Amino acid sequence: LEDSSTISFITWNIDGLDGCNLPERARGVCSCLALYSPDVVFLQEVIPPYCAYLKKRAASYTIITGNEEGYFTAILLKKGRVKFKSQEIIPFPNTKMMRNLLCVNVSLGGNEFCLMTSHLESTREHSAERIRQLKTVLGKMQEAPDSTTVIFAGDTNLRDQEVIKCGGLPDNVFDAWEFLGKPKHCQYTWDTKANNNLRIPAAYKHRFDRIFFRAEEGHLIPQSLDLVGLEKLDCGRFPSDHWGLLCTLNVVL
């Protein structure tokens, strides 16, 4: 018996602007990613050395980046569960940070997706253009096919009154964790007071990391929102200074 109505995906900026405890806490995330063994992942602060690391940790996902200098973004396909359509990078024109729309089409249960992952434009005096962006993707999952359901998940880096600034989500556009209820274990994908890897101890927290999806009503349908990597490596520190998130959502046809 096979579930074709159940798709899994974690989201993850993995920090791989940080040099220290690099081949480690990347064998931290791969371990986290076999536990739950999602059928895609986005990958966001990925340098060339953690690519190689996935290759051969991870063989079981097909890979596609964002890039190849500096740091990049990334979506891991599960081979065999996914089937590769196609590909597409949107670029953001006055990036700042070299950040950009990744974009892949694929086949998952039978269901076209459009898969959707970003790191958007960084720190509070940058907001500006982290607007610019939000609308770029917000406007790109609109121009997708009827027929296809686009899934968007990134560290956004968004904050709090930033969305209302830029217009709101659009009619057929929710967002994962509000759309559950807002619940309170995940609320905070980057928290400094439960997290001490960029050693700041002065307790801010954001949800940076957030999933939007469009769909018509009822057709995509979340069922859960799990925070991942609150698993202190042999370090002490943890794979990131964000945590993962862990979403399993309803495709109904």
Second form
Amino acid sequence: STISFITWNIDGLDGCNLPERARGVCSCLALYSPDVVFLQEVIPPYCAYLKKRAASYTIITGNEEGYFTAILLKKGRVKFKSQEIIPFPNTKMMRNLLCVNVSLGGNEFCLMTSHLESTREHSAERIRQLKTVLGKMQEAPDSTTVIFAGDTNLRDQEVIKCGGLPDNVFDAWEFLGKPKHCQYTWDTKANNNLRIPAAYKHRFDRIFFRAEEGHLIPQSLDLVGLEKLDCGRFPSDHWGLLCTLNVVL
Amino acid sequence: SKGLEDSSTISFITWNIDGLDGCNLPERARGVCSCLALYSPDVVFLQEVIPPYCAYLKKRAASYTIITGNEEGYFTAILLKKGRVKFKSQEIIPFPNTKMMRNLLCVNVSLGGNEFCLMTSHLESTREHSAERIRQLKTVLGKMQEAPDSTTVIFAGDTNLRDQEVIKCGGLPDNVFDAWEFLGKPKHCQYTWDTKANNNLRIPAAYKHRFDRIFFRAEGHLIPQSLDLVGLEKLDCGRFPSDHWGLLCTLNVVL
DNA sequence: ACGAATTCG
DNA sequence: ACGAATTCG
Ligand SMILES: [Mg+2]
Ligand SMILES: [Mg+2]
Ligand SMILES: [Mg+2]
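For comparison with the form deposited without the DNA, please write out the form solved in complex with the DNA.
Then the entire complex follows, led off by the chain already shown.
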């Protein structure tokens, strides 16, 4: 019993080349055919595109206006049981926490995504949001496997300020030994989309999990969306993360 | 006049006089000088002095010896009342990472039968430069601690501090006190920069800060007596001498 | 969605 | 020399 997924901030707020870039995202999704896709910065017409292009997935969204997150669940692999949205009462960017309860065969999951408050300036609110996420991860029954995957905008120091990850919550990248090839998910040296004429890189996109001992084992982690499209730009200013995991009973 | 009874007292003004605003500057300098004439402080600590402003001080505050923190741009100064203060030396300590030509100016003097190290600075400005401002504060506090134990150390200047930043510094050292805090945090002189009450910068909003502060090293030998704002009167041009209020402080040196 | 600089109210 | 918003590099 395995589960595979992609998490990706697809920069729907960039209107430039957006249709081509959306098609680019989905060409990448088609190659890997993940069980679950967690998306951030979806906008309404992008969601409308996904409802047709990804009609083979159940699509759950974090809002209906502005920009928002989504979780796509592969029909026939993933059974959708419920969705839950938890607000971030002090967000200035309409951010929230989107959760879905699902099963794959006999295994129950709570899958969660968010786009935490952006920029250095909003560190304090981002930390409060992270605490909300970690709190929610603890609520599921012990028998349920909890996975958060999303755009956290985190700096390592902010996780320390937060108290560090709890003893029963793990970061998939850390678990896999901090591989260098997929460390940075936002990198202005390698990615030209924002036209930032400087080199900055961050591990903004992260995966946290809580599972009974050895019931969830990350197997691989890889960057996706690394190829330029016809327009000479990438699907997004972020790279996506493709993760495969086994559920070991 | 300063007679026998007041011989144990040092009085001073600290004031960022906004020499970077050239508009109405000569009239505003005359306003500052009128205040100095009224209170006749022993020492004046100034920030944002520019070279033309030194000429205005030589004309309208001629009884003060002027010691400056630099020769060009904008800089601090310490003014010493002739006949009261004996000038012994001046020291300038750089702030190697300043982006605003800031530094620490110290003047060693004798006054009223006591040796003093008088210090001023204009610490790095704006919220954005908090980290550098904190580094500079540490330099200042370190220098206050280094002075010979017999000397009385007083810093007065424009610190640009927010209260949270002093905490991040770990707070003032054990033998260093803030004069305003010492006097019980009086409300009348709490804010030294206030855009509701002062319109020189034409900021269309109401913000207020205790940017200008006085620190002293002491045990029981230096006792603040009073702290008051100055420069709260509009001049003929309808503007204040500066965007900051000045602070007038008197301290007693005790056996 | 970087840090630095600048504009706006 | 404010904070927020925007622009610049
Ligand atoms: Mg973005
Ligand atoms: Mg593997
Ligand atoms: Mg100023």
